[PDB]
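Based on the provided sequences and hints, a complete structural model is requested.
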Amino acid sequence: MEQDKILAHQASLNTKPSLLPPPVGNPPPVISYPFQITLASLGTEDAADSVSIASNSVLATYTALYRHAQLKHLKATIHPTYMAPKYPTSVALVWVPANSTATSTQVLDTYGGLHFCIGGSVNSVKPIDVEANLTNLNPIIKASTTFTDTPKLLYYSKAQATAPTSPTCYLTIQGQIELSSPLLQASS
Amino acid sequence: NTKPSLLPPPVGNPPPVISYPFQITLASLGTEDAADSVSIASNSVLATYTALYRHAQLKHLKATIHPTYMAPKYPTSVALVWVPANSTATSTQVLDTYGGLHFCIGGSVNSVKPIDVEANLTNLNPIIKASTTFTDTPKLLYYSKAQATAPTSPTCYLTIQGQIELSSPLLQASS
Amino acid sequence: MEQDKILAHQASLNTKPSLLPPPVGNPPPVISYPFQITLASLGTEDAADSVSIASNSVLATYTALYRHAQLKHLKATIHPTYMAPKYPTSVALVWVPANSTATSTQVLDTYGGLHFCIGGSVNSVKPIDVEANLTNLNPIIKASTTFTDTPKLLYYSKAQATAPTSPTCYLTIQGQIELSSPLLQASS
Amino acid sequence: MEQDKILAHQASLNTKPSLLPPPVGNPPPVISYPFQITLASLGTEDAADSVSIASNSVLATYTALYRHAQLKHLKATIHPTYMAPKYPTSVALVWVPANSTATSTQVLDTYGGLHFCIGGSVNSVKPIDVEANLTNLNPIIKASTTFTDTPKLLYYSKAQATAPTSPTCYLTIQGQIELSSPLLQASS
Amino acid sequence: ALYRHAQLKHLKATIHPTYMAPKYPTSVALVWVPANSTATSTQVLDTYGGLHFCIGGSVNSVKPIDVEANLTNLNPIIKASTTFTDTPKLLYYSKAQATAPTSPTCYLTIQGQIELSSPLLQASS
RNA sequence: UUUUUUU
RNA sequence: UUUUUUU
RNA sequence: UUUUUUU
RNA sequence: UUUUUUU
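Going line by line, the protein sequences match chains B, C, A, B' and A'. A prime marks a further copy of an entry chain. Numbering-wise (the authors' numbering), the first sequence opens with residue 1 and increments by one. Numbering-wise (the authors' numbering), the second sequence opens with residue 14 and increments by one. Numbering-wise (the authors' numbering), the third sequence opens with residue 1 and increments by one. Numbering-wise (the authors' numbering), the fourth sequence opens with residue 1 and increments by one. Numbering-wise (the authors' numbering), the fifth sequence opens with residue 64 and increments by one.
Derived by calculation from the structure, the hints in this document are not laboratory data. Backbone N, C-alpha and C fix where the C-beta goes; we use that ideal spot for every residue, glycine too. Among the hints, erroneous ones may be present.
[Said to hold, decoys possible] Here are the computed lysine-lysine pairs in the BS3-like style, where the Cα-Cα straight-line distance is at most 25 Å:
#1 A:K75 to A':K126
#2 B:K158 to A:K5
#3 B:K126 to A:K5
#4 A:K126 to A':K126
#5 B':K5 to C:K126
#6 B':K86 to C:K86
#7 C:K158 to B:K5
#8 C:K126 to B':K86
#9 A:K5 to B':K5
#10 C:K126 to B:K158
#11 B:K5 to B':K86
#12 B:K5 to C:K126
#13 B:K158 to C:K72
#14 C:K72 to B:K5
#15 B:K86 to A:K75
#16 A:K5 to B:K72
#17 A':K75 to A:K75
#18 B:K5 to B':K75
#19 A':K86 to A':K158
#20 B:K126 to B':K5
#21 B:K75 to A:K5
#22 A:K86 to A':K126
#23 B':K75 to B:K86
#24 B:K75 to B':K86
#25 A':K126 to A:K72
#26 A':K86 to A:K86
#27 B:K158 to B':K5
#28 C:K126 to B':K75
#29 A':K86 to A:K126
[As the list claims (entries may be wrong)] The following residues of chain A were derived to be distant from chain A', with all beta-carbon distances above 10 Å:
#30 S104
#31 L134
#32 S180
Okay, structure coming up:
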């Protein structure tokens, strides 16, 4: 009962993959820094964008001094303004890993995508919070290694045809970022 | 300082894992000389299966040479070796690489049985998709020399087969 | 007693980040190899460059054979020549992580940056060393992935208006690199 | 801390899916019947086909008298003939569930696909068996219910340009089928 | 600016010579004193720890000259809930050649490490 | 096969 | 609210 | 909501 | 071989 296959063996050796060795040399001191950044003023014209938290100019002014930066908490917030009652505005948003191929115009076609109606007399003008789940999305936005699954926020907003001249709401992100390992930069 | 980067602790239950099988024909050999290098992690076919997930790891992986009805009359040489993708060895240096194999397919007795060459996934990085990009994933180098007066049909086929473990859905749109 | 905010929940699922599986078997042996590489001949004309240690052609001839390379010690040295005393040369240098945005003209605005006067009369003594602090720079220049903060050397040099035809000094780097896990290469 | 969603409930009732109730009325007698069917005579011209075991005319002459038919064992066999030594022939085949979209020309692009070289002086003219895995493929080719994953055999064969006039090999399938539950048919 | 508490861990002044120092020797004198000291730049040598150097001229091109600040004689806390009177103050005096160069003969810098804590709310604009 | 990796 | 301070 | 399924 | 009989 012979088999119809010949097995050829490629000689092996002891060679393995590797990353970063352990700290055991005094785990570096970590500081936590708070932030609130206004990403957009909506309601005067349609708008749509994708914000990669790890590439954000403003947040980068804090992480530029360190080699490691990890989000402790993160959320987006929509704050209705004095123009929301008379000019209802649509705002849709969803949080996805940065390597997702989803675009701002496909929020409702993405699992978890939300769409809100801001303003409208009968409506409520209470602000809305949408937390980013840092157990699904990778919170390490800066490290020795480059990660591809950090938080990316997608948002779309539709304004009234006959729009106001002042925004109906502000979209901001807020959280705290753990910083460590000074990265030598110039002071000039 | 000295704080490069590791991961935060797995919160709860680890995500479910599924295995998807595959077999791909890389080349039809014996009608003309051939030589190529195939980086598994960059393969178009595999990419369609991993596109929906965040983590993809090879479970088993091997190359197989399948002699055809033209091998008996047209002996063909096939050489191949598995190396990490960052190796700079080229397809024409298989026998100058530790573990490189060169086979004679057809013409002589017993030379028409198919041949398997497993990739050692403890010597090559099996993770082809994760939170970061790796540089040492499997790369197959192959070289083939055909008879001067070659046939019009291939003397053998080179395929690779295995299974990929997929996990952690990557949010995408339905559109 | 009533809060002024609305919480919206983005539907979640079990999806986590990931890297390398646990290390299986015996770890491979490590060896340290000493080296000294000449990076530049200075003094015949103004010069300024930035050298990324991880992508240096010469050092790569040592790391080409392995998968993991880690610096144990690393320093830069300025060796003066017999032409330095007649043609004093300014040489300034600093070590920074590769992802630092500092430039050769900002050495003195960067921690650890030094500006020297080579020759002129003096500064012919036991060549000047400028050690790299491996706790502020990632010493691993080769592994399963590429790192962003490996050593980068910045240097700036000003030569005399009426310059010599032979260099007034040489800039080299010296150190020891730990190598492990052979990488299959051809022996041709 | 109010939520931004209203939950509406659709009234339910006790309604469930269902199939076939248990036997408890005397499990029907089962008989096992053997078969060997020649599917093709290869080597005189290229050939390619897909054979759905549940639709096979010949096997159906046995199952036509019953309501339930289940394969106990099943395999394909290639038997080289007196013309194989001088006329090497290629035969490729693979077993897949009937609902697979794979076609006869894609055997080697399907997990498990095999390709053999039959004949050739230096070769062997020993017959070859390729068992169908009845734990992966659904063995019930006939029942009260129609199943979509029963065994389907795909095969491709390439013959010599200057071919023989008699086949170089025969492809057959053989096994045993468990039959039960007489299905009333006419005897005329 | 981003924090409420700042304390110096190490602090020093350094004089880095340039290629012009050897042809144009420069006198440089410096001393560290608490901010509430009444000493002036012309009294460096009459103050404890004050040093007067000759930069270039031929020599003094070696590994830049450091002058460490003693944090037990100077208050290292430069930022807290209140303002302090004795934080570090650096005094320096320099005499150049009568016929001076058009490029500097040396640079004076300060280097150190500062301990920061208690974030201070600032705008991110 | 140009077999000494998986402790 | 743009909620992770009061051990 | 036009809530009486998940024993 | 087209191997599932000899409990």
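Quiz item: Quick check: which numbered hints come out false for this structure?
Solution: 5, 10, 13, 15, 23 and 24
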